[PDB]
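Below, in structure tokens: the form deposited without the named molecule, a single chain.
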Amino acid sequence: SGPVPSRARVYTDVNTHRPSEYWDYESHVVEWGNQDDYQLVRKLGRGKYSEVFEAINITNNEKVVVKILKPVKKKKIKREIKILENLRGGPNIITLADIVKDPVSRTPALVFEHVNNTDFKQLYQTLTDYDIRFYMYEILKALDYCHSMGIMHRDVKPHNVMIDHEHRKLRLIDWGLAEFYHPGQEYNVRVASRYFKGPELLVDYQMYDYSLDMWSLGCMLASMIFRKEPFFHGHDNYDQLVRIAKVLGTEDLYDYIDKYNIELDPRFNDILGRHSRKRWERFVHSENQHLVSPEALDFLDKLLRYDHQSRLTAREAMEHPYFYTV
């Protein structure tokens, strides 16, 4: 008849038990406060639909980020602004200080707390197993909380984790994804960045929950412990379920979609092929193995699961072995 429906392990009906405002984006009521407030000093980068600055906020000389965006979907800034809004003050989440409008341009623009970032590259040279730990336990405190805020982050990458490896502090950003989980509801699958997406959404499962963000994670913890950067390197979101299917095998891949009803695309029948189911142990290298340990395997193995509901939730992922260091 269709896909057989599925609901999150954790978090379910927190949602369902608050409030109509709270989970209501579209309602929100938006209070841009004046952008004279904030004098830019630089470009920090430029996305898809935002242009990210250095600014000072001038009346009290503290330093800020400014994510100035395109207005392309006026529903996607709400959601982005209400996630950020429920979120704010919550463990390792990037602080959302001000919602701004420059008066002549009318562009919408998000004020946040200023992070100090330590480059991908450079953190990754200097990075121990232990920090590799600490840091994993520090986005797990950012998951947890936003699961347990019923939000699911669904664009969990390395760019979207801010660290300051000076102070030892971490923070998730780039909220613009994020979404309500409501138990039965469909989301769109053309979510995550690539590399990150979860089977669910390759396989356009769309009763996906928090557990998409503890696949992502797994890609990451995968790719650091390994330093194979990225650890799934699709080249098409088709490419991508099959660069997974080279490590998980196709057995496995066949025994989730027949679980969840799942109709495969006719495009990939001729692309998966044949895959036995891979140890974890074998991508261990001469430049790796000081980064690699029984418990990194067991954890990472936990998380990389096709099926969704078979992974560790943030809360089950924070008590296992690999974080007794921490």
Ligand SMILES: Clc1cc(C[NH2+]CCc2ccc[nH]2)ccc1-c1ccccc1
The other form holds:
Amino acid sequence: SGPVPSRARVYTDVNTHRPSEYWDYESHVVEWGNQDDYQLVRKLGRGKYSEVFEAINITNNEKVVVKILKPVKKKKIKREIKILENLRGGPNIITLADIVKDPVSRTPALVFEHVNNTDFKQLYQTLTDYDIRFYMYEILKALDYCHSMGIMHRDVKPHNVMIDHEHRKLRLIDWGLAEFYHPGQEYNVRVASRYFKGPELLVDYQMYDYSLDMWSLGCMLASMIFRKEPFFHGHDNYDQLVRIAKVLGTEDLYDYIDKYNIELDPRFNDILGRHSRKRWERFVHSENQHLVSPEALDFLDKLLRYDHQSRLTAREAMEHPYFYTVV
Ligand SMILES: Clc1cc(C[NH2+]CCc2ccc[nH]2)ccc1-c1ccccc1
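Same protein, different form: I have the form deposited without the named molecule, so give me the form solved in complex with the named molecule.
And the full complex, kicking off with our chain again.
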């Protein structure tokens, strides 16, 4: 009878009630400006789909961020642009300022507002319990906003979250893997980075939704409060589910695949084993106890669930007792 259908508990029909203009990215008209207004300063990093540079807009002496895209697929560039234009101005969303092409290379490039990234290794050691709560709340504002706009990020991870700690400024970036949520649509499961992949992706359950971002967020929270990076350390996509099963246990995993009538790939047969459900308190040690609290553990337990429908939505997460000290 195949797998059981599923749809988001929130913002289910946001794209359904909007004109095609909004979500039909293949029909979006992209106006490529002139790259001569921008001077590249330094490389900020390298990715699978792009090279990111700190730059200066010479027409106003203002620092910008320039993302040079490896022009692999036109549909994908149009999708990211449309999503960035749709979300432009949303809370803690990277602001697309310009779309340019270098006159000679004609390589697509996206120009963004400047974010001054604090050294992560230096940041990690000095972050307090309050700082974790504060920045988690900031990502949640970004996620509630994009989910409200019918968009799922699908690549929530530390590398996609820019923090300027001096100014307590946070931006969610890299919307290249982002997609419009349409109820009942079957999506490609080959999204997100291995350590942050939700169980729905690993079991090849294609009818996923905004809740995928909430699992990824839970992985980030678990690594931060427990000082264990990454939290679920898989060596491959099949092993990744085994690492999750070593914490959440195999009984709840079989409950999830039975609820949605999922067929577990035969590659899981000899590696999954049998695992008891572990208490979150077991991950507490002398080096992380100052970041752990019963509220933090209760909130984590509500994000890291196999059942994507049982995870807190970004709005429900923002209302959790863990965030009382921030607002
Ligand atoms: Cl998400 C994050 C992320 C970082 C910082 N990365 C920045 C990645 C980057 C640099 C250049 C391109 N990308 C530091 C800390 C956190 C954090 C803080 C509080 C709670 C959870 C996570």
